[PDB]
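Heads up, the chain below is alone and in the form deposited in one PDB entry; it's given as structure tokens.
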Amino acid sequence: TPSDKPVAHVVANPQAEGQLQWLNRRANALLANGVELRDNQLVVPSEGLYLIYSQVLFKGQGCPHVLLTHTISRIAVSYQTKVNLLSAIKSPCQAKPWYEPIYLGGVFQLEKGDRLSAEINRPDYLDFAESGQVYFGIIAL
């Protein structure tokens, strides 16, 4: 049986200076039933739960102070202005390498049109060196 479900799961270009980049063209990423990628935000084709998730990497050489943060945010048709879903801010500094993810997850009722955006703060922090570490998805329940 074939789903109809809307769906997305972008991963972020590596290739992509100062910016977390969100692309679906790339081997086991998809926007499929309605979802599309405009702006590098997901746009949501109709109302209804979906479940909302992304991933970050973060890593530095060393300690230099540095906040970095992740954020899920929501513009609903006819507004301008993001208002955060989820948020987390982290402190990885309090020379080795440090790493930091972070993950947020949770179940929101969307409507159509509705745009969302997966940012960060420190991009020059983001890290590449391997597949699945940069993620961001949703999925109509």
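Under this definition, the rigid core comprises the largest set of C-alpha atoms superposing within 1.5 Å between the forms. Positions refer to the first chain, counted from 1. What changes on going to the form deposited in another entry:
Once the rigid core is overlaid between the two forms, residue 103 does not reach a Cα shift of 2 Å, moving by less than that.
Shown in the overlay between the two forms, fitted on the rigid core, is a CA shift at residue 124 smaller than 2 Å. After superposition on the rigid core, displacement of the C-alpha of residue 78 between the two forms amounts to 2 Å or more.
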Second form
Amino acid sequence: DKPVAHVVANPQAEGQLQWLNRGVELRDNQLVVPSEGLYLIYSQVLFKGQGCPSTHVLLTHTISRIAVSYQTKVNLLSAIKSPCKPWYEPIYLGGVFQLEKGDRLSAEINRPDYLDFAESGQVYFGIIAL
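Having seen the form deposited in one PDB entry, the form deposited in another entry:
Chain only, nothing else included.
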């Protein structure tokens, strides 16, 4: 009855955070809300890096909303992590939001080169209508 999606990262599409689906639709790597209502929005991304480079690294993960009404990319949930021997840093985001029919949501990262596809299928993004 309630619109739901749980998309995962494409392991084969390296150097990109490309969402793969298996009833909310996935259009242009974005989740499209099919009806007005309260939604649980969630995501996790797992980063890996062999040793620490001299350039100070910042790892960002963000869920953005492109409202049907005022067509502007707005951040709903966001986190920043400075991870600096191989290091491992997960980032997980989630909250409840009122969304209107036609809103496009995007789960994005700044460093796809640091994404860890090793434990992927644990790099996910999803929405659950309440």
